[PDB]
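Chain by chain, the residues:
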Amino acid sequence: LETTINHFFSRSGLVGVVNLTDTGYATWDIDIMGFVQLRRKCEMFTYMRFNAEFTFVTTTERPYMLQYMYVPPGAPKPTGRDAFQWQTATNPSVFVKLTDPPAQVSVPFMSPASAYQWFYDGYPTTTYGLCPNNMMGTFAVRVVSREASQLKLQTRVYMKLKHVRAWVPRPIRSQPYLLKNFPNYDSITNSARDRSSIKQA
Amino acid sequence: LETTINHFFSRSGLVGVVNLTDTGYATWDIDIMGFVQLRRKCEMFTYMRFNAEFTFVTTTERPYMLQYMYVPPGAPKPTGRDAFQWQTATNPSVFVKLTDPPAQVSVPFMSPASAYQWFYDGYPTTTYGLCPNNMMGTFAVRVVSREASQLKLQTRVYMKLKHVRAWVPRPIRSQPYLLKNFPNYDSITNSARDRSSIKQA
Amino acid sequence: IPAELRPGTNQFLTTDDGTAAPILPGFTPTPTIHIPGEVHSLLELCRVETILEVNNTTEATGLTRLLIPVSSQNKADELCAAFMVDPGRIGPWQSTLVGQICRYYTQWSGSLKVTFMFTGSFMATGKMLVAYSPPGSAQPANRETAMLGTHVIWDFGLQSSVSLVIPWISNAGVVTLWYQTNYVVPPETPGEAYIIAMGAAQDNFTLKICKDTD
Amino acid sequence: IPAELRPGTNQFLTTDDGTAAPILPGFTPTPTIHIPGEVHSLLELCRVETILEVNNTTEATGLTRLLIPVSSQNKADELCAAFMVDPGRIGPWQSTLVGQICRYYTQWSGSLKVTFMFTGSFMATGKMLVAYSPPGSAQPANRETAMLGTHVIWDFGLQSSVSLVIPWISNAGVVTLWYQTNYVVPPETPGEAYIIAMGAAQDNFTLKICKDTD
Amino acid sequence: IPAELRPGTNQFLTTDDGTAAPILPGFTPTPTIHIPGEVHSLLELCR
Amino acid sequence: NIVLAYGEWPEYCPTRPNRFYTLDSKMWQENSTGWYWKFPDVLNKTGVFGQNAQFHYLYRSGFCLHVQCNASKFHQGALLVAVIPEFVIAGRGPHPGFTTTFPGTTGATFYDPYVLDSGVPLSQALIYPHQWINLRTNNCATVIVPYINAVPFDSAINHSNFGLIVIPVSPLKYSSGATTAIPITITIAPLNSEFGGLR
Amino acid sequence: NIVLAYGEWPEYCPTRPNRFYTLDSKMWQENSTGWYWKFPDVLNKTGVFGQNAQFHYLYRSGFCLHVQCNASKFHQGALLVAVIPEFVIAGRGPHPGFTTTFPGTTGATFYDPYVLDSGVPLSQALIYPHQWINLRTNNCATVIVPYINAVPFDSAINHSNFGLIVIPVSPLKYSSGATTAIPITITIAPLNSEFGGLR
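Residue numbers (the entry's author numbering), protein chains in the order written: chain A, 76 to 97, 103 to 141, 146 to 209, 219 to 280, 283 to 296; chain A', 76 to 97, 103 to 141, 146 to 209, 219 to 280, 283 to 296; chain C, 2 to 172, 189 to 231; chain C', 2 to 172, 189 to 231; chain C'', 2 to 48; chain B, 30 to 42, 53 to 56, 61 to 136, 145 to 250; chain B', 30 to 42, 53 to 56, 61 to 136, 145 to 250. A prime marks a further copy of an entry chain.
Calculated from the structure, these hints are not laboratory results.
Note that CB positions come from ideal geometry on N, CA and C, so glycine has one too.
Any given hint could be a false lead.
So, partial list: chain C residues that the calculated Cβ filter (under 8 Å) puts toward chain C' [said to hold, decoys possible]: (1) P3; (2) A4; (3) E5; (4) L6; (5) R7; (6) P8; (7) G9; (8) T20; (9) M118; (10) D220; (11) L224; (12) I226.
Below, in silico cross-link-like pairs of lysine to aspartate or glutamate (EDC-like), each with a Cα-Cα straight-line distance of 20 Å or less [to be verified]: (13) B:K224 to C':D78; (14) B:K116 to C':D17; (15) A':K273 to A':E123; (16) A':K181 to A:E141; (17) A':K245 to A':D184; (18) C':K225 to A':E77; (19) A:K255 to A:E77; (20) A:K121 to C:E209; (21) B':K224 to C:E45; (22) A:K294 to C:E45; (23) A':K121 to C':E205; (24) C':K228 to A':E123; (25) A:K294 to C:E60; (26) A:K121 to C:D78; (27) A':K294 to C':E60; (28) A':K181 to A':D97; (29) B:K116 to C':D231; (30) A:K121 to C:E45; (31) A':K121 to C':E60; (32) A':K294 to C':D78; (33) A':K245 to A':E77; (34) C':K76 to C':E145; (35) A:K121 to C:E60; (36) B:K116 to C':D156; (37) B':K116 to C:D78; (38) B:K224 to C':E205; (39) B':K116 to C:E205; (40) A:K245 to A':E240.
Chain A with its partners taken away, still in its complex shape:
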């Protein structure tokens, strides 16, 4: 079939759009809650478990040795393009030329708990419902040269979900939401559009 839960997530859609000037670098936190087409399909469930793979597509406006680092959760993020975090061998990085076909890399499942939680009701001890066990890291795109890059490049990050397993369901969201990581709704819209009367279908 194609109504199984693995096929329902198996399209590789856009997540984040990252551009860099030459500052000199550009970082990007990993989060799937960026667009409304993926949030409404992932607040469906409460507990999920999945491996992900990525793809970086680069549109200038020739090839350079730009790299894509990876930060596992806990490692410090780079502050400058010539800092000492770019050469730490514990951060797995991917060197890819521009003119080559686009990069592709997989990420395993890093949360300490058995599955990711999209709803936490408690505290870590404004700190309400912020479970720290959803951190997946950054990427920190950097063009590599000795000085004076001067590209004005823009990357795009795609994401495919694989081997996904879902637990206990929840009903869908029915209202637009203001904040990024909170269900606040600013009380009201309805669900079904009106008709004239109760009669006359």
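Guided by the hints, dock chains A', C, C', C'', B and B' onto chain A, whose structure is given.
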């Protein structure tokens, strides 16, 4: 043999010729009834069933990340090159550089009925003989950049038919036709060219 | 060894099968445990009877749009409520669970069922004629021309709930309900009640080509 | 592992075998059912006796070019009609089903047959001499020099139809028909009739290299 | 034989498995002997 | 004798409800040019089948036909009975309309028979299951037609399954004193009808 | 009758320490709008369990519930008992605070029941293990809830496992002379508790 019905359709001929300026994009409906060499070979039969594969050949007048989206039947067509339909993950799209050898993709059989119908005698309830179950979608070729493409590019779309199975036959067309999707003929030409007399072969 | 490169290699297909290289080799993930309530396919979700909005008029405004009014002064055979059987069209089914997961999956086909239940006092007694028509015609006019269809004479003193199986929709069909008798109360009893409706899909409810929502 | 790239990889061959990636993986198509009248190969199409245009003169103009006239005042041994046996050349065979599917498939070879039938009254009686010549010579002149060939003495009082098997054409051969007797009528009977012809290919009719039409 | 090139080939992954070609083929290294006190995993160190 | 359309013997695999219907006989003159009927439309508003096809909106049936013309031994001519599936009137010139495409029991007539009013030449019309009514051999013709459609069901009113054409190829000649017209009567019987759903 | 939440019968695989607790009955008027409790918080500072959940910082238990309202035969209305895991109050407008999210034994009330104070519409709330208290059929409802959490343990004070909601869908109507309010009492019993670690 080579007179079987699979070999009779197994050449990959031209269907449509699409060019784009920079507007900014270019769309193209899927229809095999574009040229007379393929219409006379497909009004032969009444019911057909086949998978198709395509190929996009690009002739400028360097490489850019131009994509080829696909619209399954029912999804909305894009209106601008920076609209929100370009990032819907339910539309499968293909990123291909210019200098690479040309793209190639297969399309499965999407009609709701068991086989495609090239002749319908009825109504959906000017609406005579327009069966809506022949929709196959678009492609919506778009060059990808942040702004100011400036290419003046022209693509060509090829089509190969595979695994084809045909049912009940019909005689061939013998007159030129005026309209695109109707057999109107503007009554008259003959079929065989004349000779002098009934005698003298 | 010799090899060639067919056209179609240097491309990103956006729906692909080949795995990339893992970025952390040797990493063993944390092993799963037995969390109860695992969903294998979302077909199990659309077999859940959820509350159907019927009274979706302008002046409803709140929880009162989840319920159909039943008076005690209505004369016999006057239509109590009526709505289309259309999982996906803009109307009553837009609130239920079927109506949200069929904004995805462009082509649907199956056999929906509709369940009612009654919310009056124990002393009340009446009847209802839950009717149905095929999608050829519009709704009936009288009680008599609606009686000839697929009626289920549902009363109140015996049963508090009733179902109705609708056969073989595809990508209308109109259900109504008629009074067919007076609404009977004893004294010192409020003479108004409401009938909330349900909605679900039975086993042969299948889907086809995926599509994004709204 | 090591590998090389032989010349001929980055090319589009326009007649190829390797499948591309499917754009919708996991999609199961709608399964077929038993539609009657399935054609496996188009060799079955060219074994259908279709109406052959013979009277393709200038002044024909309509359905009257589908039929050969037979008078009642023609003196014995005068040629009624004559045409080449040439499936593909510009002439009589251009209307039949053989003559259209052999504008494709450049080289043909086989054994065509020609069938006639008669469209007079029941009281009429005559004869015909359906002759044939090999493609070495032209058509005969007299009835006698046509009689020595491959004649079939077809009459009217017994048979209403007759066939003739033409052996082994390739990429001319001329068929005629002669009167050989008077056309005999009783009184109060219209003395004109027509003979429509047919055309088909028997079992050993094979084709070769494909070619576009017109 | 036909073959395609999926995206992700011309890249350096910084955590990889495929061996490069040895630069000195045929060279046999000096064989090891029994040095006592070999550590297989560093879990033995933190005990 | 009888001609099975593609060799089916139409069975069925919604209730399962056979009178020999008789359409009204057309007169055939010298300068006549043909007729067509487009089944299963002509059985509507006629008989118990008409009360079963107008109220039900799913349909499957097969037919048995019997085209029979009665002529004396002093006439001549030859007809052509063919059964065309999904037979579409094209329209000359500009669509043909409605009372041209659905003629009812009075079967409509042709304008240009040489191209079948669809750009399809008559020389190749014998692909369809045909039967020659030659007036010096016989006077009857019988075609059995199964249900030929991609979807296993359809509506009875809108979609026509197939059509029936009758074309005078050789024109009718007759000596003076004989009757000018020759009738053509048609018999229609449903074989395995199977309706579904009531409105 | 009874409704197993997803069919578990909650066993366990840290010592292993059952009195039927009884929360204080809420009054239900005409213009009331609902309640919620957020277990296992309301058992804190109450009973021997409260002395076992305040001092221990690992926890696992399952519950057995019994929501029961007593009404005479002259009232009408229907409630809705659902058990929502990881039930999060959103906050209108702006976070909701603390005395709104952890109500204690006095279960807090709703503001907008149509969206469950989380943007989730009530039309689809029956995905959760529900049980209709319809006042012309019965007067009781019983839900057994296992321990539903990703990590096999948690603290008792901070993390709430699930919540219990009671919503008046059809409002209560009553003729004049009857009592205005109807009580709703709730019974809570731990099934297989298993604590761990003492502070």
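Taking the hints in turn, this is what the structure says about them:
The interface hint given for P3 of chain C is met, as the beta carbon of that residue sits about 5 Å from the closest beta carbon of chain C', less than 8 Å. The beta carbon of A4 of chain C is positioned within 8 Å of a beta carbon in chain C' (closest approach about 5 Å), and the interface hint is therefore held. Contact between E5 of chain C and chain C', as hinted, is supported at the beta carbon level, the nearest pair being about 4 Å apart and thus within 8 Å. For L6 of chain C, the shortest C-beta to C-beta distance to chain C' is roughly 4 Å, which falls under 8 Å, so the interface hint holds.
At its closest, the beta carbon of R7 of chain C sits 5 Å from a beta carbon of chain C'; the interface hint therefore holds under the 8 Å criterion. Because the smallest distance between the Cβ of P8 of chain C and any Cβ of chain C' comes to about 5 Å, under 8 Å, the interface hint for this residue holds. Because the smallest distance between the Cβ of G9 of chain C and any Cβ of chain C' comes to about 5 Å, under 8 Å, the interface hint for this residue holds. Because the beta carbon of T20 of chain C sits about 14 Å from the nearest beta carbon in chain C', more than 8 Å, this interface hint is broken.
Restraint check, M118 of chain C versus chain C': the minimum CB separation of about 38 Å is more than 8 Å; hint violated. Because the beta carbon of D220 of chain C sits about 18 Å from the nearest beta carbon in chain C', more than 8 Å, this interface hint is broken. The closest approach between the C-beta of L224 of chain C and any C-beta of chain C' is roughly 11 Å, which is over the 8 Å cut-off, so the hint fails. At a threshold of 8 Å, the smallest CB-CB gap from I226 of chain C to chain C' is about 7 Å, leaving the interface hint in force.
The straight-line distance between the Cα atoms of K224 of chain B and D78 of chain C' is roughly 26 Å, outside the 20 Å bound, and the hint therefore fails. For the suggested pair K116 of chain B and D17 of chain C', the alpha carbons sit about 64 Å apart, so the restraint of at most 20 Å is broken. For the given pair, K273 of chain A' sits about 13 Å from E123 of chain A' by alpha-carbon distance, which is consistent with the 20 Å threshold. Straight-line distance between C-alpha atoms of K181 of chain A' and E141 of chain A comes to about 15 Å, which keeps the hinted pair within the 20 Å bound.
Distance hint between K245 of chain A' and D184 of chain A' is fulfilled; the C-alpha atoms sit about 18 Å from each other, no more than 20 Å. For a cut-off of 20 Å, the pair hint linking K225 of chain C' to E77 of chain A' stands: about 7 Å separates their Cα positions. A distance of roughly 15 Å separates the Cα atoms of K255 of chain A and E77 of chain A; the hinted pair therefore holds under the 20 Å criterion. Proposed proximity of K121 of chain A and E209 of chain C is contradicted: the alpha carbons are some 41 Å apart, above 20 Å.
Our distance criterion of 20 Å between C-alpha atoms is broken by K224 of chain B' and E45 of chain C, whose separation comes to about 37 Å. For the given pair, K294 of chain A sits about 33 Å from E45 of chain C by alpha-carbon distance, which is inconsistent with the 20 Å threshold. As the CA atoms of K121 of chain A' and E205 of chain C' are separated by approximately 51 Å, the hinted pair breaks the 20 Å bound. Only pairs whose Cα atoms come within 20 Å are accepted, and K228 of chain C' paired with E123 of chain A' is accepted, the gap being roughly 18 Å.
Taken as a hint, the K294 of chain A and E60 of chain C pair is honoured in the structure, with Cα atoms around 14 Å apart against an allowance of 20 Å. Distance restraint check for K121 of chain A and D78 of chain C: the Cα-Cα separation of roughly 45 Å exceeds the 20 Å cut-off, and the hinted pair is therefore not satisfied. Distance check on the hinted pair: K294 of chain A' and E60 of chain C' sit about 14 Å apart at the alpha-carbon level, within 20 Å; holds. Our distance criterion of 20 Å between C-alpha atoms is met by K181 of chain A' and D97 of chain A', whose separation comes to about 16 Å.
At roughly 46 Å between alpha-carbon atoms, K116 of chain B and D231 of chain C' are farther apart than 20 Å, so this suggested pair is violated. Restraint check for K121 of chain A and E45 of chain C: satisfied, since their Cα atoms lie roughly 16 Å apart, inside the 20 Å limit. A threshold of 20 Å between alpha carbons decides the hint, and for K121 of chain A' with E60 of chain C' the separation of about 32 Å lies outside it, so the pair is violated. Distance restraint check for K294 of chain A' and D78 of chain C': the Cα-Cα separation of roughly 13 Å lies within the 20 Å cut-off, and the hinted pair is therefore satisfied.
Of the pairs offered as hints, the one joining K245 of chain A' and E77 of chain A' is violated, with about 42 Å between alpha carbons and a cut-off of 20 Å exceeded. With a C-alpha separation of about 15 Å, the suggested pairing of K76 of chain C' with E145 of chain C' holds against the 20 Å cut-off. Among the hinted pairs, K121 of chain A with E60 of chain C is inconsistent with the structure: their alpha-carbon atoms are about 32 Å apart, more than 20 Å. At most 20 Å may separate the alpha-carbon atoms for a hinted pair to count; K116 of chain B and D156 of chain C' meet this at roughly 19 Å.
Of the pairs offered as hints, the one joining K116 of chain B' and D78 of chain C is violated, with about 29 Å between alpha carbons and a cut-off of 20 Å exceeded. With a C-alpha separation of about 12 Å, the suggested pairing of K224 of chain B with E205 of chain C' holds against the 20 Å cut-off. A distance of roughly 11 Å separates the Cα atoms of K116 of chain B' and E205 of chain C; the hinted pair therefore holds under the 20 Å criterion. Under the criterion of a C-alpha separation no larger than 20 Å, the hint pairing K245 of chain A with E240 of chain A' is consistent with the structure, at around 12 Å.
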